[PDB]
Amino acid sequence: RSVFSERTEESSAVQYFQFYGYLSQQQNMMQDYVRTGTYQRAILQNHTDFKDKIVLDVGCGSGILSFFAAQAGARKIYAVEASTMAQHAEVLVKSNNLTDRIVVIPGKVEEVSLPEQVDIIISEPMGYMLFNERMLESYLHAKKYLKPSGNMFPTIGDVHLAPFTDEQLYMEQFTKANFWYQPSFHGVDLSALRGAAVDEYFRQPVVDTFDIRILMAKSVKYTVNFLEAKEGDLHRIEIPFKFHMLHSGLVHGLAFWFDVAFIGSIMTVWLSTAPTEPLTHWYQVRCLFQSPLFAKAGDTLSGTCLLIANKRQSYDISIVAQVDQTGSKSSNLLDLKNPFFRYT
């Protein structure tokens, strides 16, 4: 019926689009200054990729990126938005007197019609850990509207992963789960659920930020080129790694962040969510190992991170790792859809 509805449980989609229907949620993204400001810079400083061009904005939300394409001289911008935010975008197009130049199209990019092909697709479809929400697939799907040799902004995306040590983060999981380790909570022995409580906490990726000192080796990266990639390429994402340990300690899990590059005619501009960069609404994400691993500087931490896309607009994450010198091993399964938002 639709590529979107095929890969998506209606229940997930309803919530998803209701969330984006809220002005406050659009506002939450807009106020991310690093995010919004870099998009603006990327577009305006590459004004020749936009001047008198035809543009598609995939998931326009408020319209903000389409207004930036207009500030850069675009002739015609089709702004597609699946949520009821489309109605609000439309109100802005009129009140900013850009009816001749921005056409808001309510609906899913997998289901609407465009009148013509475009020179360039712009989007902000990045979830935490890059891939969450599965909107990158919508963005790739949109290339069916892209004129041969058209461009995409952003053009490529890099995921970085790196091992970390954070003993307190690790212990918090047990302190939380040990609520259940009591033989008489109002006369009830809860102990038998302690293991299930631990498993539940460890299945949640942790969204928050951290001092770079916790990282124990230089990151490995996995790159998606949005010009070349097919939707199908994001269904099963396998990220091998061989870390060369810069520091000795207990490895408690892997940390994830991402960068995107806008590769324009005039310049490449980068948007980075790295822990070395000022903070964004994406923070960073950490996947704990339920059994941590000891490594000494010079050892190799090798393994695989596998993300398997699911019908709830997220991924099932599987991380397997070992210290090559000792053979000690840790396996972990996480649900990217249900992160723990730890940050204050």
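Shifts are known only where both forms have a C-alpha. Whichever C-alpha set is largest while still superposing within 1.5 Å between the two forms counts as the rigid core. Residue numbers count along the first chain shown, from 1. First, how it differs from the form deposited in another entry.
Just one residue from the list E238, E167, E228, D189 crosses the 2 Å line for C-alpha shift between the two forms on a rigid core fit, and it is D189. Taking the rigid core as fixed, one finds a CA shift for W180 of 2 Å or more between the two forms. Segment displaced between the two forms is 178-195 alone (run of at least 3 consecutive residues, each Cα moved 2 Å or more after rigid core superposition).
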The other form holds:
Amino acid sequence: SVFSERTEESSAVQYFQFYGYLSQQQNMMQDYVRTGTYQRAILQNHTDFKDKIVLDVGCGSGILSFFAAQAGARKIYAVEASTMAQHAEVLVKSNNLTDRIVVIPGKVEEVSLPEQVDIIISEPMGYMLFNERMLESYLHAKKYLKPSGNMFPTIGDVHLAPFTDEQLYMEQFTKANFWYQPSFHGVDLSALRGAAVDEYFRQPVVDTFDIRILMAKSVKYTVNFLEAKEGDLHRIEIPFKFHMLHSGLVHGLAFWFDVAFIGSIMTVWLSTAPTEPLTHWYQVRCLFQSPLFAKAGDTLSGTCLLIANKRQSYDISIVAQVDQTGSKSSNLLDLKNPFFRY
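What would you give as the form deposited in another entry, now that the form deposited in one PDB entry is on the page?
Next comes a single chain, given without company.
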């Protein structure tokens, strides 16, 4: 199937094992901003569900299918590939909604639905929006969507912006400088200095921060899920040209994302921005190995390039330069293995 072609089956086992654990479903469910905003998006746009056929892509515990049922959906196909599907069916029975929610175990790329649906709902957002590659499964599911059918969420914005955080940079630099020692128990490690710096700065940093660390207005990259093909997420090129508002050392680029549920009654936004209350996605920062010096009024220009890999993630390349001085920073990051600093 389309899934197994792009996914190393060893990565797939881990991935769906992780989501088989109830503790991990609990973790997402307890994110009240996430779960509460999803419920609000569905219930406030009840006309988009009243007597409709729904697809829930990756239902997990089935929480979103229950919201669709609360909003008057006639039939809801809840597709889930992990063993969590079993527990979802238990909840469908215990909540007396066997006539309306139908759990379909399996990968959404492989299962068969008896009919086309009026609306697809899902929560496929990972860190930096794109980690896990579930957006492709969400887009892939449009093969079941009726003409002019809706997507919840409808669109996704990724925001990137340059930041200054001396303490963060030094924390990582100090770790890598373990390998700068000339006599660790009598042993010279210093030849592995460069490799150590490479390794540590390959890790994106997932935590939150104050917005005052941001040195410019963010650049927005938008994906319209109504229009996008799953092939559009194999190679994501995001050019940027920041006008620097503060002078100082640029230690990297900070990333967050918003999604919008564009309904027939209202548009509801779920944001993971540093200006907004904390979600379980936090924010993501990609460090440069050496920061770039910038004056206020300068332009920091370059390209963030996301190349989808077969471990359900992306290899990130960020090229950036200060145009006024020609000071340049090239970086390669492994989104699959981040540093959870919080």
